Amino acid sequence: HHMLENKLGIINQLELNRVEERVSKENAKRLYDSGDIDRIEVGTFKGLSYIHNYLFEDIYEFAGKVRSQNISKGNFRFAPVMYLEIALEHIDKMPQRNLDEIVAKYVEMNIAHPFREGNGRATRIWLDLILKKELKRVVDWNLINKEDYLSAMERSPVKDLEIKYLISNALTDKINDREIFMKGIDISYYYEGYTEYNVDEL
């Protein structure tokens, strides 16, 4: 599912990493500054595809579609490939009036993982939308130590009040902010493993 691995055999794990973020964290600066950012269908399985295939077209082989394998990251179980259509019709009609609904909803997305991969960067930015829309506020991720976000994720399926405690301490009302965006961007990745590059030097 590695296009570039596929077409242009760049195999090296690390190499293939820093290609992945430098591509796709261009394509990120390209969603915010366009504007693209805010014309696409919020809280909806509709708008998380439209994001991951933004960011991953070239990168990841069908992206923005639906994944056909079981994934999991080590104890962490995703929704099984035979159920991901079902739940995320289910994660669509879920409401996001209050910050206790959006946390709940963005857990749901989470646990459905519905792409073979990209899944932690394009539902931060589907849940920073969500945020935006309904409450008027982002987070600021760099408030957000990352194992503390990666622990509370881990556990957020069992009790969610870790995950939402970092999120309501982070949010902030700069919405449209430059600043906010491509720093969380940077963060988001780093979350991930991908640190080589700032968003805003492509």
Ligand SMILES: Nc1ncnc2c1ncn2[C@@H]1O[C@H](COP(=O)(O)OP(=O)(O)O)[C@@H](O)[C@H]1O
The other form holds:
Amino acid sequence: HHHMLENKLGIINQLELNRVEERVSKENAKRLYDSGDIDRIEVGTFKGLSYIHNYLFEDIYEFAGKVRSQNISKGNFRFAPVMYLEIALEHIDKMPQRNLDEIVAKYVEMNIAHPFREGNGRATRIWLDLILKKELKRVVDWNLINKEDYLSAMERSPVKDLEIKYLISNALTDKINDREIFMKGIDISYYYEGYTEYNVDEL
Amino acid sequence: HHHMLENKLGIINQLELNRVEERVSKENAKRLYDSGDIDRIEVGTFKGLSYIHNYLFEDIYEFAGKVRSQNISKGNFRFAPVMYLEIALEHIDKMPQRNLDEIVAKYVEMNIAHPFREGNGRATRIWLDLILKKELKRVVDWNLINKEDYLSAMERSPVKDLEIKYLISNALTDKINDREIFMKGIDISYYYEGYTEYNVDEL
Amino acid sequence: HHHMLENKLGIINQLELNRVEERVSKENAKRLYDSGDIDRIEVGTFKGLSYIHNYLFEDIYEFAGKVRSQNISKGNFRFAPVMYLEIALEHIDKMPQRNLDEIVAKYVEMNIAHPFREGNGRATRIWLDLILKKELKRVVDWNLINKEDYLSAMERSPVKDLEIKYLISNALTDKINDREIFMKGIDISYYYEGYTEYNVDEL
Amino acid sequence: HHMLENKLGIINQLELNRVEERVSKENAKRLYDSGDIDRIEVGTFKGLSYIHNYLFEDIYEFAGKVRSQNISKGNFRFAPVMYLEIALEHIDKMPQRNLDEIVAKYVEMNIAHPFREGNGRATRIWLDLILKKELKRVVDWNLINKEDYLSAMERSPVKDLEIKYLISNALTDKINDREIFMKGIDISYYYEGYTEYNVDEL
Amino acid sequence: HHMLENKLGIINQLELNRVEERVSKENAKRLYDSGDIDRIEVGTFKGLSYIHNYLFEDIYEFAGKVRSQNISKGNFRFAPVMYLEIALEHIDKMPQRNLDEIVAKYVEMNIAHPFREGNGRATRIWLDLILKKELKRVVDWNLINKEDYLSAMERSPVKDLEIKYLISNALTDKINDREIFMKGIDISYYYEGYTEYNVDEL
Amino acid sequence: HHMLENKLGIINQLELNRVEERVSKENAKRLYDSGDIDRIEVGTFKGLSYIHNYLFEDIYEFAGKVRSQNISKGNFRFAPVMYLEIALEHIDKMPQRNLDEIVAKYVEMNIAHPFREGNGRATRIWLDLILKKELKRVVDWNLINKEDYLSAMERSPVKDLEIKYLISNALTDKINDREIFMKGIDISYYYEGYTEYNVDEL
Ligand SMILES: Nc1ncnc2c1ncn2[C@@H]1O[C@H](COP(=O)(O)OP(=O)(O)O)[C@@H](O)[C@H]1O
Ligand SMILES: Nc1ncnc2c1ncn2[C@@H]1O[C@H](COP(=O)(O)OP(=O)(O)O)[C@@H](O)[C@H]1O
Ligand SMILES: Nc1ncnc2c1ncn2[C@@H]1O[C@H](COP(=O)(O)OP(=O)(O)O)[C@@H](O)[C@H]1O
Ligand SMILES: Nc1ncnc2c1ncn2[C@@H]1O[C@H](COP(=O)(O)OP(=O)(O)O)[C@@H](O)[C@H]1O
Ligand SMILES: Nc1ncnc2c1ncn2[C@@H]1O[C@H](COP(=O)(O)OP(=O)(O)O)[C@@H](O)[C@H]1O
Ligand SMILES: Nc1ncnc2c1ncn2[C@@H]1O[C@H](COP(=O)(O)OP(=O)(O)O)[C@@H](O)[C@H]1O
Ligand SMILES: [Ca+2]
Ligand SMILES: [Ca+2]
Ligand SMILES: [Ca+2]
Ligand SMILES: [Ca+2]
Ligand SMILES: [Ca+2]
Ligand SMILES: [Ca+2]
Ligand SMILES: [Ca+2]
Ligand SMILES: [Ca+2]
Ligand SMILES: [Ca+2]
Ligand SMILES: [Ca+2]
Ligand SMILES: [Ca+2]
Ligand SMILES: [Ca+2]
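May I ask for the structure of the form solved in complex with the named molecule now, the form solved without the named molecule having been displayed?
Expanding to the full complex; the earlier chain stays at the top.
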């Protein structure tokens, strides 16, 4: 099934499975940074996002890095249905990214596409930071964006992106090669989704 | 200062604040159970829920156990306006709880009321288990309800409580004095809300 | 439970129960008209609506004529919460009914209140015809309002009442003492709710 | 669209409803008792179209054909005509190996809502055929309460847990039982507001 | 996107709004008085694009061209850019033989919302052309209250009865009356919050 | 008879709009230049009612008075008449010590929407008075684009974050600057579709 570690380690408690998946994927995130692999990823495309997703979740989620084949929703919002996900990703690949407005709009469209069965939030926040670094020489200090504010802004974003754009704009930092900003952002990004067991840099 | 530990322990990292609040409130939950205090609470009333909330969150959330003074929402759903909280809680105190249909309806209305600024989910799930134990001689084995299923069902519940009802009925157990069921349920209930650092029985 | 005939007569097929409830309640509607009792009902108040509802559904619906104690919804519209239902009804009793605009607004508010667990549509349409008869010397020729148009307009009416006002306006007739108009209207009103087995004037 | 309204000069909504119920239920009874139902392609729009035409030929104009107008129920907009064809192309390729996949496929076909009218009844017959082929089960529709079913279908474009739960709990292995089929036709029609006839009495 | 903001260095929103109103209403008056409006393809996106460019080429970047950004009003998300082409080609093939079909076509074109801005005013001109050609009618827009029209358009993706009713009760056979056209331009701009000028005084 | 300036026969919506703008903007200018604005209770429905009456008596029937009908915009239903009074009572007791509390109070007053019309313009004047008293700030409304403001207000019953950001970045310490007040009146009316007059030229 989708959680490849669930049967492998015979785990029947939701919290223990959550902790193990957090540990493995954060190990992978730490390696992605410390190996320098994060600097050799295509920026602003679904190919780069797919690479990030596979890197984080290979041997954790079945078909990591590959588009889902099932329709999904959060709250009352239906993400792009599978039937046109391909064309959605093509359109996102050609969207411009020369200023904060365009980059945030591109991030919002990629969240609407929501191409994977799981792991969209964490992978796409890494992807967004790479776009911001390449184009604005900034990255997000994610700790400066309150979790509940971020989630509300993303819920609002398919209709209007002003909330998420304001939060991102006020969280930007020029410390784009600072390892500490990256690792703290990984921990905050995982906390957004309900993973709080590990610090990435202690793995 | 709603997060009373933030200034007291000078915490500037969201994840660190989340972890300390989890530890303190889970210590309080373990004490609530092991002291037998949980057995001397009024069942199915706002008095009992307020007692549970204060017990869990005193010196963590300002005004623990007391009704909020601000309006709040999650997703697209606006909880009961502050101006009607009093009458909402009065109505809920009068709701019957003789079978699963009525108990689930009462739980759904209490979630709609959402009387506290924070901590509604965890406190109200403890409260619900007490109602089920008293009236049906059952409690919920929360690990049998998947987190995303639970959250979607609660989002659905103000419109129809069928989704939540099924989840609950399929998770009921007669092990109403099983400490392991209670503690595992505390851990799963906190996991529902994004706290995964501690096991309650290890504190 | 709520359908008293299910346990009373041990009917476990939904369609058979539906047919028996249609027969009994249409017998009651026919008696309500032919006895002249309909002419001695208070017009435009919840007292009159409750009298109609009890008359139709006594020994069919538990607590016929009495306000519901649980919250209900249709589609994604939540009708008036129980916690202020009485206040809503007290407001509706004082709403004016001097012309078509005001009568339609009053009908729309009564549908929002939706005071009974079931039977709101049929009872409140009888109630509305009485208001129109008293104040405008008109009643609705319900066959002139298409079922799907009526249902769509009622779904729209809590936001804007133009659709339902238009349909009603176009279907008004001055034959306010014509028995065939009344009986045909009973049949169409039940057809709106999915009852098609009987003609009321054949009972 | 209602071809019988002009033909029999009917001006009462309820009598038109009754005549359409009688004729289409006669067609459903024939579909089962003639054995035609057993040679319908399972799980494709081709099969659904065959069912819809069989039921509603000379009742609905263009029975068996995709609608050309957009439609909605409540505040839910069904698949726009502009990509309906594509929506059907995708549904034909959806897997149907377990209850999860079959329910997801049924939910997508309901979202597509390919016909002007008659989507509910035709697609419930279609769903039973899929369940019969892949799970050796069919739905005992009387075990699914009408209001629960309608609410679950309203919920299903967002989350299909409600409808999945209801279907799962209503499955029976009596996949060639004529009474189960006929009662299911009557309950399926009752869902949509037709209560005049019992199909096996026609 | 607003070319006149940088061109005339305007930093007051109201001042910019007035200048955009004046320039586009001058263009609308010329579109009518030159007879150019009579030589536009009726009922197609090509004609709508011509109207939009004619009104706004000096005001909006890429006037007459489909937008490249996704947009929304209220809680309604208009057709995604990725589908605009297929949506517009579908709209080009929609019939327009009676009021039902014409209103449905207008509703779909509003859902498509092909331009970044100016959809309301341009598409109302386009709609009158269709009504003039096919029904020998145009809309007397002053007979449709602004708030009723806006609510009806908000409702129209779900059900088009409100807007159909308003349009039907506002139709006039004065299809060549210059004052009906000019007053309609003024009312159409008023719908969108431009009230500074009368078009026929420019 | 709600639009007191209206008459019998067909009225032109645009001219009525212009006349109502002129009269109410004259009243707003007088409210400021007479110093009457300085004598208004701050942060209460009493003060809001005074503002609404001052702007709109002889324009709207029952200016300064609570509406008696339920109203909606988009798909949002404002506070029902049935509890409007309790809601205003609650709003009178809400704190206003910082921007978070003041924006929350403004958002609740907009949800209450106590008047039949004129809620936007009157309540924005009211909000500026609260901000002036408690923060020594007012809004430079020209710094908030119309479409951003309207979207943020649509969002505000769910989350006030959008509107709070816009207000926060538009605050100015020029709390007794006549230019800021008059420009803000013009922008506030522009938000609602009135663009004919400049207030200080009346
Ligand atoms: N209601 C919503 N509408 C749109 N986007 C949402 C909604 N809720 C959450 N999101 C986005 O989806 C992300 C979570 O996606 P998910 O697939 O669960 O990723 P992960 O596995 O990393 O948690 C959130 O971080 C947020 O960006
Ligand atoms: N969209 C929603 N609609 C209704 N109820 C919700 C929604 N989202 C979450 N909930 C309920 O609110 C609870 C969380 O409330 P919250 O005040 O955050 O408590 P806690 O501090 O324990 O997390 C969830 O457990 C769920 O039951
Ligand atoms: N989505 C909706 N929103 C508001 N009102 C509705 C909606 N759907 C139906 N209604 C109204 O509710 C009535 C049905 O009420 P119900 O309690 O089912 O009465 P009955 O038992 O007579 O069918 C319909 O006739 C219609 O007037
Ligand atoms: N709001 C909704 N959202 C999604 N699906 C719905 C909604 N309302 C009804 N449905 C589905 O549509 C079906 C009815 O479609 P319809 O075309 O009217 O068929 P029929 O002519 O057989 O009644 C229902 O059985 C239900 O499955
Ligand atoms: N919530 C909504 N849903 C659907 N359509 C809408 C909505 N709000 C406005 N519209 C339509 O959009 C038009 C406005 O489009 P816009 O691109 O702003 O045109 P303009 O620049 O001419 O004002 C309105 O006239 C109305 O027809
Ligand atoms: N959909 C909506 N939801 C919440 N608030 C809204 C919505 N639409 C408009 N508003 C608020 O209502 C105001 C308009 O109120 P209205 O009574 O028309 O006042 P006015 O007569 O001054 O224009 C807007 O300025 C905005 O603040
Ligand atoms: Ca997540
Ligand atoms: Ca740890
Ligand atoms: Ca929570
Ligand atoms: Ca730990
Ligand atoms: Ca009904
Ligand atoms: Ca019969
Ligand atoms: Ca139907
Ligand atoms: Ca019969
Ligand atoms: Ca506009
Ligand atoms: Ca002028
Ligand atoms: Ca307005
Ligand atoms: Ca002027």
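We call the rigid core whatever largest set of C-alpha positions still superposes within 1.5 Å between the two forms. Numbering follows the first chain given and starts at 1.
My question is whether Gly9 is one of the residues whose C-alpha shifts by 2 Å or more between the two forms, given a fit on the rigid core.
Yes: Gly9 shifts by at least 2 Å between the two forms.
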